[PDB]
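**Student:** Chain by chain, the residues run as shown.
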Amino acid sequence: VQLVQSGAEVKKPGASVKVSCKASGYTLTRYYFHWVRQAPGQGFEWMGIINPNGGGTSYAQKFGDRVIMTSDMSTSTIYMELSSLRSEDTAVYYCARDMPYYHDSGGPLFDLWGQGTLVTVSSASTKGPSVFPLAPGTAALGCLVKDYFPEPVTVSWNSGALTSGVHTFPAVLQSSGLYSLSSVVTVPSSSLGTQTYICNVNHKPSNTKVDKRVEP
Amino acid sequence: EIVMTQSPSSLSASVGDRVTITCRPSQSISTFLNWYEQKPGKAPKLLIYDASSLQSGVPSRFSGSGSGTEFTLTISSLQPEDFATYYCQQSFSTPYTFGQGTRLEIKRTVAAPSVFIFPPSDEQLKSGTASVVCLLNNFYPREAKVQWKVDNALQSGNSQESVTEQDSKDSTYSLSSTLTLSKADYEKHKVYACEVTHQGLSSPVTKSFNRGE
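Sequences listed follow chains A and B, in order.
Per the deposited numbering, the first sequence runs over residues 2 to 52, 52A, 53 to 82, 82A to 82C, 83 to 100, 100A to 100G, 101 to 126, 134 to 213.
Start counting the second sequence at 1; every next residue gets the next number (the deposited numbering).
Treat the hints loosely; a few may be bogus.
Where chain A lies over chain B, by a calculated footprint (3+ residues, C-beta under 8 Å) [as the list claims (entries may be wrong)]:
no., stretch
1, 17-26
2, 60-71
3, 74-81
4, 96-109
5, 139-151
6, 176-187
7, 192-205
Only pairs whose alpha carbons sit at most 30 Å apart, straight line, appear in this in silico BS3-like list of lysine-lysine [said to hold, decoys possible]:
no., chain 1, residue 1, chain 2, residue 2
8, B, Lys149, B, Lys126
9, A, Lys201, A, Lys62
10, B, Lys39, A, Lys19
11, B, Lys42, A, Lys117
12, A, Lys143, B, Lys169
13, B, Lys42, B, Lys107
14, A, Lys206, A, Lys62
15, B, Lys45, A, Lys19
16, A, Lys201, B, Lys42
17, A, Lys201, B, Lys145
18, A, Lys117, B, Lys169
19, B, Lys145, A, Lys12
20, B, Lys45, A, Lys209
21, B, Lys39, A, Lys23
22, A, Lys209, B, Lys126
23, B, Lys145, B, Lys45
24, A, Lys206, B, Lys183
25, A, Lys19, B, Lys183
26, A, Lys62, B, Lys107
27, A, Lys143, B, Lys45
28, B, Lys42, A, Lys206
29, A, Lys12, B, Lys39
30, B, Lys126, A, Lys62
31, B, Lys183, A, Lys117
32, B, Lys107, A, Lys143
33, A, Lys209, B, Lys107
34, B, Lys183, B, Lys145
35, B, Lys126, A, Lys117
36, B, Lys145, A, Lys62
37, A, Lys206, B, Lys126
38, A, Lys201, A, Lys23
39, B, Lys207, A, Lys13
40, A, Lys143, A, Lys117
Hints are computed from structural coordinates only; laboratory data are not their basis.
In this text, a Cβ means the ideal position worked out from N, Cα and C, and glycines have one as well.
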């Protein structure tokens, strides 16, 4: 069996978000479930536990006033709703199945995890990137993909034909609330006069595609 | 709340090594300690529960030991699929808490960065801000310091850095640093320099340009 969660969410501060986790009939009736979140580059924070039979719950003191966990047995689905969101709630949220084992303490055994769902909380609005050249025995060139929101952006080079020597860096979140990333490639200096280099940027959240030819 | 302290925070290792990582809770937790593996972009996977019991499907090379406030996870000889981050997690009392992880990365010979500097494009300047970018390509180990100077004034607070995952073929890292200035400040100053310090360099390497050449 497999725990399938809903897709990524982008929310403004003060909104609420409801994440689903689809399991099975046997799984919901035989196990308790937990939600655990992981902020970017951070560790894990336990949020609470639900018994799908009758919906009894117990929440971490940090989330008690604004998280509600429910289940719908007709659809073998568990839900986690987090209210009064703020930017620090930006994280990947996981559902985890709890294998009975720790009888003395009553603690969990996180046997099986959903794939996670990303929730981004920001006051920023959707916005496609501007793409600027990073112009040039080895030469480097690239594309600066600047001022977009939310994640993600994909970058390829020459429609996928150029993969060797490519580095597309993780985005950084700027003071403005918009993201910025670079993609670079190293090539022989001798090819600069002859070989054409295009980076192909796709920002699906804003339906923005850009091809930028990068020249010396 | 029980604090879970893992050590070391990171470990450079080779295929075939025996690796032992440690977890110390701030309070005794009997044996109610689980270990998980997580790779980038994926959910954690259960490895060990009850301090010493192996979860079914987990290779025999994994083992765990400990009780009270001292716990270890041991991989008897590392395999290429074992480079990942490992987390301990206590099931003794609410709220249930996790360590901050031990990341295992591939050891290789030292490799100095190739360094490149990129002035802001004329396109960006027309739009009213300037980004200067410094690239450190294919180096090892991961520790590297990038320093920006503008007219020999040392900059801090106005740059951000990003690092790639260890390369799958040569096990190196790459780093991008972006210096952010107003268009007005960019045009007030002349000399823009990126100074890189790294163990693979006998002395720091500086790449520079002067605006408008």
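**Student:** State whether the coverage of the stretch 74-81 of chain B by chain A holds or is violated, taking the criterion as 3 or more residues with Cβ-Cβ distances under 8 Å.
**Tutor:** violated (count 0)
**Student:** Decide if the proposed pair is consistent with the structure: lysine 145 of chain B and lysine 62 of chain A, CA atoms, cutoff 30 Å inclusive.
**Tutor:** Violated - the C-alpha atoms of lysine 62 of chain A and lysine 145 of chain B are around 37 Å apart, more than 30 Å.
**Student:** Tell me if the straight-line CA distance from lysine 183 of chain B to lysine 117 of chain A falls inside 30 Å.
**Tutor:** holds, 22 Å
**Student:** Is the Cα-Cα distance between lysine 143 of chain A and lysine 45 of chain B 30 Å or less?
**Tutor:** Not satisfied, since the Cα-Cα distance of roughly 35 Å exceeds 30 Å.
**Student:** Can the restraint linking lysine 201 of chain A and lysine 23 of chain A be considered satisfied, given a maximum Cα separation of 30 Å?
**Tutor:** Answer holds: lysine 201 of chain A to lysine 23 of chain A is near 26 Å, not above 30 Å.
**Student:** For the pair we were handed, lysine 62 of chain A and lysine 107 of chain B, check the Cα-Cα distance against 30 Å.
**Tutor:** violated, 40 Å
**Student:** For the pair supplied as a hint, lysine 19 of chain A and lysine 183 of chain B, confirm whether the alpha-carbon distance does not exceed 30 Å.
**Tutor:** violated, 42 Å
**Student:** Count residues of the stretch 192-205 of chain B with a Cβ under 8 Å from any Cβ of chain A, then say if the count reaches three.
**Tutor:** Coverage by chain A is violated for the stretch 192-205 of chain B (0 residues, Cβ < 8 Å).
**Student:** Starting from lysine 145 of chain B, check that the Cα of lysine 12 of chain A is at most 30 Å away, please.
**Tutor:** violated, 36 Å
**Student:** Is the straight-line distance between the alpha-carbon of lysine 183 of chain B and that of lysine 145 of chain B 30 Å or less?
**Tutor:** holds, 26 Å
**Student:** Checking one constraint from the list: CA of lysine 42 of chain B to CA of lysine 206 of chain A, max 30 Å. Satisfied?
**Tutor:** Roughly 27 Å between the alpha carbons, so the hint for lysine 42 of chain B and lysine 206 of chain A holds.
**Student:** Take the C-alpha atoms of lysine 206 of chain A and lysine 126 of chain B, compute the straight-line distance between them, and say whether it is at most 30 Å.
**Tutor:** Judged against 30 Å, a Cα distance of about 21 Å means the pair holds.
Of the numbered hints stated above, those contradicted by the structure are hints 1, 2, 3, 5, 7, 9, 14, 17, 18, 19, 20, 23, 25, 26, 27, 30, 32, 33, 36, 39, listed in ascending order.
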